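If you want the building blocks of each chain, they are given just below.
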Amino acid sequence: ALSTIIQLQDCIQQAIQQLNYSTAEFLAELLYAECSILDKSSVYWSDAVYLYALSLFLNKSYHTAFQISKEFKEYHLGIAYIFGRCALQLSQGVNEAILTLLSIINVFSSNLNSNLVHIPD
Amino acid sequence: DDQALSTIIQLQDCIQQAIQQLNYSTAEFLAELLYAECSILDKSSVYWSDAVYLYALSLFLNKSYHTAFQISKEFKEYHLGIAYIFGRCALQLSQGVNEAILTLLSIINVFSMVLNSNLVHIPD
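Residue numbers (UniProt numbering), protein chains in the order written: chain G, 23 to 133, 143 to 152; chain D, 20 to 131, 141 to 152.
Chain G with its partners taken away, still in its complex shape:
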């Protein structure tokens, strides 16, 4: 049952793209709950975590997305970015974000391609 979660993630993309906030809260949480059970290391799990964390961060809920991205910052670059921005907003856990973002920078330096919305280059 991956078509339904793909459709709902695309729906989340469309909703957040329409500058609609707290609409993506329910759908992001639905994706989080659905994908927490199927796997803990699949690409869909990381995608759901990242979309959820984006939804909480953009809806003035920082003290939750903070820890949510803290748990799985090392899996996806967008999760680490959300963690760092929420750390800047809340002035907490700066060092861990520094280490994670330094590590992703060295990966580019040393001799990741998800195209989801609001993903920084």
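Calculated directly from the structure, the hints in this document are not laboratory data. Errors might be hidden in some of the hints.
Stated by the list, open to error - So the derived label-pair ranges between C-beta atoms look like this:
no. : chain 1 : residue 1 : chain 2 : residue 2 : range
1   : G       : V148      : D       : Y66       : 35 to 43 Å
2   : G       : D32       : D       : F130      : 23 to 31 Å
3   : D       : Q40       : G       : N117      : 20 to 28 Å
4   : D       : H85       : G       : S44       : 16 to 24 Å
5   : G       : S44       : D       : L112      : 17 to 25 Å
6   : D       : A23       : G       : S132      : 31 to 39 Å
7   : D       : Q40       : G       : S131      : 15 to 23 Å
8   : G       : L124      : D       : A23       : 42 to 50 Å
9   : G       : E51       : D       : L112      : 41 to 49 Å
Stated by the list, open to error - The following residues of chain G were derived to be distant from chain D, with all beta-carbon distances above 12 Å:
no. : residue
10  : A23
11  : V129
12  : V148
13  : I150
14  : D152
By construction, the Cβ of each residue, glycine as well, lies at the ideal position given by its N, Cα and C atoms.
Let chain G serve as the given structure and place chain D on it in line with the hints.
Just chain D now, with coordinates in the frame of chain G:
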């Protein structure tokens, strides 16, 4: 004039790129620059409307709701996105809601000036 249009287009792509990421102050400055540059061009041309809409969106995004509300109130009828920004500001401040209603009712009833555009956050 040959390069004048290219600069405006490049600036528009720059603002869309900046808004796409969570980079808002740069979007603020770039939208301000485009809005200032577009002053010479006549109100009939689309570019003024797109620049005003982008500036209003950037002002709304930066929590400066009052300035976005005023700017959108100035040219609310020209573009649909300006009306959207007016409605968002009206809900956020509860000021001038009646004008927002008289604009949105007309824009919704007519659909079902400039109505469609390729820019970011163009409402459906």
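Verification of the supplied hints:
1. Take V148 of chain G and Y66 of chain D: their Cβ atoms lie about 27 Å apart, and the range 35 to 43 Å is violated.
2. At roughly 25 Å, the beta-carbon separation of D32 of chain G and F130 of chain D lies within the given 23 to 31 Å, and the hint holds.
3. A beta carbon spacing of about 24 Å between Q40 of chain D and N117 of chain G agrees with the range 20 to 28 Å that was offered as a hint.
4. For the pair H85 of chain D and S44 of chain G, the beta carbons lie near 23 Å from each other, so the given range of 16 to 24 Å is met.
5. The hinted range of 17 to 25 Å is satisfied by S44 of chain G and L112 of chain D, whose Cβ atoms lie roughly 18 Å apart.
6. Taken as a hint, the range 31 to 39 Å is violated for the pair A23 of chain D and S132 of chain G, whose Cβ atoms sit roughly 45 Å apart.
7. With their beta carbons about 21 Å apart, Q40 of chain D and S131 of chain G fall inside the hinted range of 15 to 23 Å.
8. Separation of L124 of chain G from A23 of chain D is about 44 Å and conforms to the stated range, judged on CB atoms against 42 to 50 Å.
9. Under the hint 41 to 49 Å, the C-beta atoms of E51 of chain G and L112 of chain D, about 29 Å apart, miss the expected range.
10. Distance check on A23 of chain G: its Cβ is at least 28 Å (rounded) from any Cβ of chain D, clearing the 12 Å threshold; non-interface status holds.
11. Once the 12 Å rule is applied to beta carbons, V129 of chain G is consistent with being away from chain D; the minimum gap is 20 Å.
12. The beta carbon of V148 of chain G is not kept farther than 12 Å from every beta carbon of chain D, the shortest such distance being approximately 8 Å.
13. Distance check on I150 of chain G: its Cβ comes as close as 8 Å (rounded) to a Cβ of chain D, failing to clear the 12 Å threshold; non-interface status is violated.
14. Separation of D152 of chain G from chain D is inadequate, the least Cβ-Cβ distance of about 7 Å not exceeding the 12 Å criterion.
Comparing the model with each numbered hint stated earlier shows that hints 1, 6, 9, 12, 13, 14 do not hold.
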